[PDB]
Amino acid sequence: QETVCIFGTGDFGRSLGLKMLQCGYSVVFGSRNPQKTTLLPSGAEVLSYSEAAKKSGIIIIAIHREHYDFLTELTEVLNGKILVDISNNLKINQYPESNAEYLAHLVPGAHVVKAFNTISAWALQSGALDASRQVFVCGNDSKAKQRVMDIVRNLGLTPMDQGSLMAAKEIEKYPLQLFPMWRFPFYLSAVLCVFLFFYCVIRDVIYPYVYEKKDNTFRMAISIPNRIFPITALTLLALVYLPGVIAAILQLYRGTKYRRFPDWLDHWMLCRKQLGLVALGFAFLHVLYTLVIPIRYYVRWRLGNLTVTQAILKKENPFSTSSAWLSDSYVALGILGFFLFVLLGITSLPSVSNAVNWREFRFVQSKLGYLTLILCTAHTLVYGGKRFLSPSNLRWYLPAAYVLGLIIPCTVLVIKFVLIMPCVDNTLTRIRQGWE
Amino acid sequence: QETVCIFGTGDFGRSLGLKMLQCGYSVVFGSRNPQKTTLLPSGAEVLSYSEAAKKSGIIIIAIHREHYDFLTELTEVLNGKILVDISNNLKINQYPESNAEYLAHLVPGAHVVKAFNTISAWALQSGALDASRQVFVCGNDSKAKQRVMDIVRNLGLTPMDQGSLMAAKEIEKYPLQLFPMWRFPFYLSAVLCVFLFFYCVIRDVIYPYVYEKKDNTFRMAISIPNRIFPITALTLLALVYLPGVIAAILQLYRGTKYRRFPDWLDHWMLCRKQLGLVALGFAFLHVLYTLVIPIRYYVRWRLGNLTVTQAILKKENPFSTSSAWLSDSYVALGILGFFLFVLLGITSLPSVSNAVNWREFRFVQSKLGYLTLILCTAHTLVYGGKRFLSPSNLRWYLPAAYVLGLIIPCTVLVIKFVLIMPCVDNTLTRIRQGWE
Amino acid sequence: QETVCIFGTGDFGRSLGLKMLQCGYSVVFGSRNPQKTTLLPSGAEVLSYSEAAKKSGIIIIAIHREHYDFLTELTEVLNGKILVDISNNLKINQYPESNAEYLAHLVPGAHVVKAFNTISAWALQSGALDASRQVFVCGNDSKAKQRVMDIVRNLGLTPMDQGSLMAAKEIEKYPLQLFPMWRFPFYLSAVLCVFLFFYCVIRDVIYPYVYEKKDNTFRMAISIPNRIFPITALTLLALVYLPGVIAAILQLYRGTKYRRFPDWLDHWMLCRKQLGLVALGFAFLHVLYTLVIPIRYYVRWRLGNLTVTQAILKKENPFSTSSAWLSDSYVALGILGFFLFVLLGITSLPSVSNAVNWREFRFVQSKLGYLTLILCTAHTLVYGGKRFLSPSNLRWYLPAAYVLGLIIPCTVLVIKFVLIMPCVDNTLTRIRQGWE
Ligand SMILES: Cc1cc2nc3c(=O)[nH]c(=O)nc-3n(C[C@H](O)[C@H](O)[C@H](O)COP(=O)(O)OP(=O)(O)OC[C@H]3O[C@@H](n4cnc5c(N)ncnc54)[C@H](O)[C@@H]3O)c2cc1C
Ligand SMILES: Cc1cc2nc3c(=O)[nH]c(=O)nc-3n(C[C@H](O)[C@H](O)[C@H](O)COP(=O)(O)OP(=O)(O)OC[C@H]3O[C@@H](n4cnc5c(N)ncnc54)[C@H](O)[C@@H]3O)c2cc1C
Ligand SMILES: Cc1cc2nc3c(=O)[nH]c(=O)nc-3n(C[C@H](O)[C@H](O)[C@H](O)COP(=O)(O)OP(=O)(O)OC[C@H]3O[C@@H](n4cnc5c(N)ncnc54)[C@H](O)[C@@H]3O)c2cc1C
Ligand SMILES: NC(=O)c1ccc[n+]([C@@H]2O[C@H](COP(=O)([O-])OP(=O)(O)OC[C@H]3O[C@@H](n4cnc5c(N)ncnc54)[C@H](OP(=O)(O)O)[C@@H]3O)[C@@H](O)[C@H]2O)c1
Ligand SMILES: NC(=O)c1ccc[n+]([C@@H]2O[C@H](COP(=O)([O-])OP(=O)(O)OC[C@H]3O[C@@H](n4cnc5c(N)ncnc54)[C@H](OP(=O)(O)O)[C@@H]3O)[C@@H](O)[C@H]2O)c1
Ligand SMILES: NC(=O)c1ccc[n+]([C@@H]2O[C@H](COP(=O)([O-])OP(=O)(O)OC[C@H]3O[C@@H](n4cnc5c(N)ncnc54)[C@H](OP(=O)(O)O)[C@@H]3O)[C@@H](O)[C@H]2O)c1
Ligand code: HEM
Ligand code: HEM
Ligand code: HEM
Ligand SMILES: CCCCCC(=O)OC[C@H](COP(=O)(O)O)OC(=O)CCCCC
Ligand SMILES: CCCCCC(=O)OC[C@H](COP(=O)(O)O)OC(=O)CCCCC
Ligand SMILES: CCCCCC(=O)OC[C@H](COP(=O)(O)O)OC(=O)CCCCC
Ligand SMILES: *[C@@H]1O[C@H](CO)[C@@H](O)[C@H](O)[C@H]1NC(C)=O
Ligand SMILES: *[C@@H]1O[C@H](CO)[C@@H](O)[C@H](O)[C@H]1NC(C)=O
Ligand SMILES: *[C@@H]1O[C@H](CO)[C@@H](O)[C@H](O)[C@H]1NC(C)=O
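Protein chains in written order, with PDB author numbering: chain A, 19 to 454; chain B, 19 to 454; chain C, 19 to 454.
Nothing false has been slipped in among the hints.
Note: identical chains are not told apart, hence a pair may lie in one copy or across any two.
Cut-off 20 Å, straight-line C-alpha distance, at most; resulting in silico cross-link-like pairs (PhoX-like, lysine-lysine):
1. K73 - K99
2. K275 - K37
3. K434 - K385
4. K187 - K109
5. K161 - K99
6. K72 - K99
7. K187 - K37
8. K434 - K275
9. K385 - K291
Just so you know, the hints here were simulated from the structure itself, not pulled from any lab data.
Work out the full structure: start from the sequences and follow the hints.
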């Protein structure tokens, strides 16, 4: 039976130790005071730091970074041991080197393996290890690195190796972030959802309050969110394929592909996926508000008054078959536009994305990507034909609130149509392999 | 070219052997009778047990547990061999030790590796290995364990290592279960779906049969399932966050977190995920019945009679703008409540859950979890305002059938609101790190 | 610090080298001309082929297959080196042996490891490695194979080992295909979608143009796609479980299970999953056209004319409660039929499929699979009861266009009902273990 020593008897050291008592390991705690250790598991003795290190071959330091100073007092004991640095930091970039780098310079005669810093001690005690399933392992001594990965499987966890010790800077950044790449699409949507909210409140509850003075203020329950959400969903969709357009152009002015993109497009290259999933969220709301239109009391009432007026006044509707096209046109364009818009999202799962080579993935995300962007653009152009862009439409001096959202996608579709022309596209073909 | 011996020529031994003939291995079968072996692949000879063991270094025993007795007659031949125990059992807990433990005590001079017990022989023959893709490997001799994992990759499979031989008790439990954790939410929903079915049949087809005697019995096609399913979906949602409430309280009476939960809450801690996915199933039905309301003939007819009555009788509806709030209120609360209720389900995928650290996962599942539970509670409270809880509502002595489903969630929301108060929440903060 | 040599300085060699400069490796390029090398990273010298090979231990050949000829001129330099063949081919089956096999016969005194052939050089430069995340590694020398997998983790990638060098034929087929298994369901659906399109155009816009001459040509916007898509979705669903029926029968005529299926059923065994996901796509469209019926102008108008006619003519509808069953019957059958039809798709994810043993997977895909096929068949039979199959239905000599899609599923349901009978099913039980 193996023997595993743990320095520090605090929060993580109790929880990790009590897991290993249930997994068959001689757990030998080391604390500052072997006299008084109140909360401890049953079959695990507590010794001194110099005492407990002389018994195991695997030593886990469950202490913070600042209290590393006593380890230099015992570096002749730690010769050839396997030290498992598990520590984290309070915030990103607090120190110029990582802990495992800093731990290796404190004890040069021992092998350092970064591990366990992802999971939480409450997940070990409660056993509800759901997101804390993988354990990242990085280090330099490969033979000692395997012995750590023989422990982690016996804890019911999953070891994911991360290579050399140079990756330990990245791994400590991992459990401290809270949606780092989603910060740009959240702020970009929220500044566009608030602005479009106050834009449409002016058209739809203020203008009926100034002229033909009636309340009409229920519109911000469903109808104004049914106007904010799809234009948010359309603009963020057009913002996805816009760096693909710009960097295509920006390769032409340079005439090569070996120079660096100007670092503001480059973060906006990495946030392509982050935008498209946000655009999926708003389009899914625009679906659900639309399918629930015939339950709304304002829809039920207006269909009542329009019918009874046609009932008591003997005039009738002649069934204009032109309008029978259009009202069935954009809907059928919207469903085809939405189905692909789901199909891009199902591709975005990290398990579907790992089962598909990059040629098929380029076919889904780029060849079918514009095909979504067309059918979403045609869904609002055909709906725009019923409004026809008349001068009887703008209320004071400002339009019907969707044509502001049509500036961006029509810009992309025209310029992409330039880039498919053989006067340009054959130049694109040679420049993807090397050109002056 | 390597040589792989297989003891037993039955069901699995033919299928595993015929796979290895297509993968380039000298397959040497051993049976009881090398004379008569009718069904066998082409390039694989059949020898005796003592004969075939003297040729390979890797020996696979495709025999049941009870017919292990002849192996003691040849334990001097199996010195240093690699024995791959693949056997399963008829039911859980049939024997006090696992097979690989029991096999190691029969032959102490050989290394045991548990493998292959997950996949099926028909998946090997037909090549439609879809769910039988991973192969679990556990054992003690690490160098022999790698040589087994060099075979499994050559079969087009995926080796998942499981650590020491102590995990072999768990691995044989794996292919024998049939949704073990889903057993509690199935029974809890079914006893709540049947009870709520007979509860609403009494209100909706019995009471129109006693008083104002008319048929009205079509309601159990859609309308009664549109009443069973969301209250089932709401109660099972409130049952998710209820152990989080109770164990928060139960940490306060103890004043520490280092004592064990009382073993009936603990299984109901592990079945949190299992409930929430079932609540996603019923809420998704309550969506689809609701969106298809305007196609129902009973909905089309009642809208006809209400209009024609307003047509021939010249009275009209004055468009009560208070009702224009409420009917657009709970719908907009329901869509926001459903969108997050999907977003918890997309998080529950085992690939999305492995790409997210536990801080973000706690933010989705717990910070946004109650935010779903509020908006689902407000979706039925606002719908409850249209019924107003009047004495003209209960039929005999029993209410309008949703307020029975409001006992559980409002209980959770009040007590959780207690736990966010700083008179309690600051005590929660110190007790998550250690306290008397 | 390690030293990694790269033969060839072209497209991939620049991109792979510039990644390794950012990851800490002495990159030593070899080209034909060390004099003129214009585009190169900063800290990486360019030497001759014989010169650069004398410095590293790991040599990557970023050259095509045809320009392998100079390697025989320097095979005494490559003794014991680790050669990483990364090359691809222009099309499948261009040569009888793979590159790594062909490379090993050119240099017998070196170890060959196939790697890196999946990812693209633009993903390395741009850093948007999304689908090009995994790197497949296969080879024979296991100790040299690990040293390659120590490089790949330092590039931020994920090494997936593939076993011996015999798998290298398969790996080069991987990045060249473009949905290979989806080719059969695409063509089978498209030949069934076009045929059913021209079939229903004749019934629905031609017959109103011949008799009772009116336009009626808007029907091919939504209504004709609402007739093509579900019958496409139903037939492709019945085509899923049809090989399961036929091969069950075909085991009975043989009386064993150890003979090979006749190679046209066998490809149609592997394309089970490929069909069912396509049938999920068309059923999801038939959902979305159906839920958007009450927004169509043709639906709004016909409900207007039917009401006003019932308004001015004092006759009324007596609320036939038989029709109140049926219109609420097939809808409730369709929703139950669709919910399971989603639940089969959620199972089809490669991460959910790897978390479920084959007994539960057989219970979802086969026990609940027919339960979908029943409820989808009953969804159109009950809708067929409203049309009743009258002689007042067929227009010239041809029926109401869905009963053509009912030939296949009712065939499967009857013959499967034969196979559950104990006169047959007990014979099925013995024949799955061995029988004459
Ligand atoms: C719902 C949704 C989900 C999404 N999910 C994802 C996701 O998971 N991951 C993701 O990455 N994106 C995702 N996206 C974003 C979108 O799919 C990406 O833009 C897509 O990956 C590629 O689109 P593209 O037109 O930019 O093609 P790209 O190929 O990325 O861009 C074209 C340009 O890239 C350059 N380029 C491309 N290939 C080469 C080459 N071989 N050599 C030289 N230059 C080259 C050229 O400048 C070319 O003009 C998603 C979008 C949506 C709406
Ligand atoms: C659709 C859906 C999907 C779901 N999917 C999942 C899923 O995949 N996985 C899953 O696990 N659940 C899942 N759930 C359940 C739900 O998300 C869980 O309750 C969630 O994981 C945590 O919720 P909680 O309020 O119980 O938070 P918790 O943190 O689990 O519970 C709070 C209590 O836990 C204790 N506690 C928590 N952290 C600490 C700590 N650091 N120290 C000491 N005590 C602590 C305290 O007593 C605290 O009061 C799902 C639910 C739904 C509706
Ligand atoms: C939405 C959707 C998704 C799907 N996803 C998938 C998917 O991911 N993967 C997939 O494979 N299919 C998938 N399918 C197809 C369908 O689920 C398959 O048919 C299913 O895997 C098994 O169905 P089956 O009736 O053919 O059962 P099977 O068991 O495959 O077929 C029955 C016949 O197989 C033979 N057989 C089965 N077991 C044995 C045995 N032990 N010994 C001897 N003979 C045996 C017998 O001849 C038996 O009569 C999907 C279908 C749909 C509609
Ligand atoms: N959920 C978690 O809390 C969690 C999860 C994963 C990783 N970690 C990491 O575990 C490490 C330990 O943090 P923790 O949360 O578990 O708290 P902690 O262990 O209770 O506090 C740090 C420990 O350091 C010990 N120690 C020795 N000398 C000390 C000194 N001069 N001053 C203070 N402490 C001294 C203390 O125990 P003794 O005096 O008895 O030796 C003390 O218990 C951290 O680096 C953390 O990143 C924590
Ligand atoms: N789908 C599957 O069936 C499957 C899948 C995975 C694993 N397994 C496991 O494979 C093992 C073998 O089961 P199986 O399904 O493949 O059936 P089986 O091999 O046909 O029956 C067991 C084998 O034991 C051999 N044997 C030797 N002495 C025997 C004796 N006295 N009595 C009976 N049999 C004797 C028999 O072949 P010989 O007499 O010629 O030696 C017989 O073929 C089981 O443990 C099972 O858990 C089965
Ligand atoms: N996206 C990709 O392009 C990609 C991705 C992955 C893998 N690959 C693979 O990388 C390999 C190289 O293809 P590549 O795309 O990167 O193009 P490439 O390297 O630019 O062209 C092949 C290289 O071979 C070198 N070479 C030496 N003698 C040569 C000769 N007589 N004739 C022609 N070239 C000679 C050339 O550089 P020097 O003369 O200076 O030596 C030339 O750069 C291919 O096998 C490809 O499958 C390519
Ligand atoms: C489920 C399929 C869809 C249906 C049935 C649908 C239906 C509609 C309807 C009926 C309208 C007019 C709303 C009104 O009368 O005020 C509309 C507007 C709109 N839809 Fe869609 N839509 C769908 C999907 C999409 C998608 C995928 C997009 C693109 C993201 C989109 C973008 C828009 C936009 C921009 C508007 C204009 C908003 C406005 O002017 O108020 N829709 N949609
Ligand atoms: C798609 C979004 C949703 C819509 C449009 C919606 C709509 C409705 C409607 C119209 C009703 C009244 C049904 C009737 O008149 O008989 C209702 C009832 C109800 N909904 Fe929802 N709902 C949605 C989502 C949810 C969610 C997520 C929950 C919570 C799980 C929920 C729980 C309920 C409950 C409990 C009732 C009361 C059932 C009854 O009293 O008969 N709904 N919903
Ligand atoms: C969301 C649930 C579903 C609903 C509400 C639904 C509703 C309907 C409706 C109303 C019709 C008649 C359309 C018309 O009047 O022209 C119909 C037809 C049909 N549905 Fe569904 N359906 C659903 C799901 C399914 C599923 C899962 C299938 C099987 C793949 C299916 C197959 C069919 C077929 C074959 C027809 C006949 C097409 C025709 O004759 O024109 N449906 N469905
Ligand atoms: C408040 C919004 C939070 C959303 C969190 C989320 O779902 O994404 C978590 C992660 C994304 O994390 P990164 O890939 O690391 O950016 O999973 C996915 O890839 C999305 C797949 C989803 C495809 C349907
Ligand atoms: C009859 C109901 C059967 C449902 C089976 C199922 O889907 O769950 C299988 C598994 C659950 O298995 P366990 O995690 O082991 O409990 O996959 C998931 O995590 C659910 C992800 C799904 C998230 C959408
Ligand atoms: C034009 C249609 C293209 C569809 C591509 C696609 O989604 O499948 C890609 C892959 C399928 O690839 P193979 O399994 O290799 O056939 O992922 C899935 O398993 C489907 C899971 C999806 C379950 C919802
Ligand atoms: C219909 O609405 C108008 C205002 O739009 C109103 O004046 C009229 O009275 C209504 N007709 C009814 C309620 O019959
Ligand atoms: C209703 O439709 C018929 C034809 O189907 C038409 O002749 C009649 O005029 C319509 N009634 C109206 C518009 O009131
Ligand atoms: C409307 O319904 C009532 C019963 O609710 C019925 O008596 C009346 O005849 C109906 N009106 C019609 C059909 O015009």
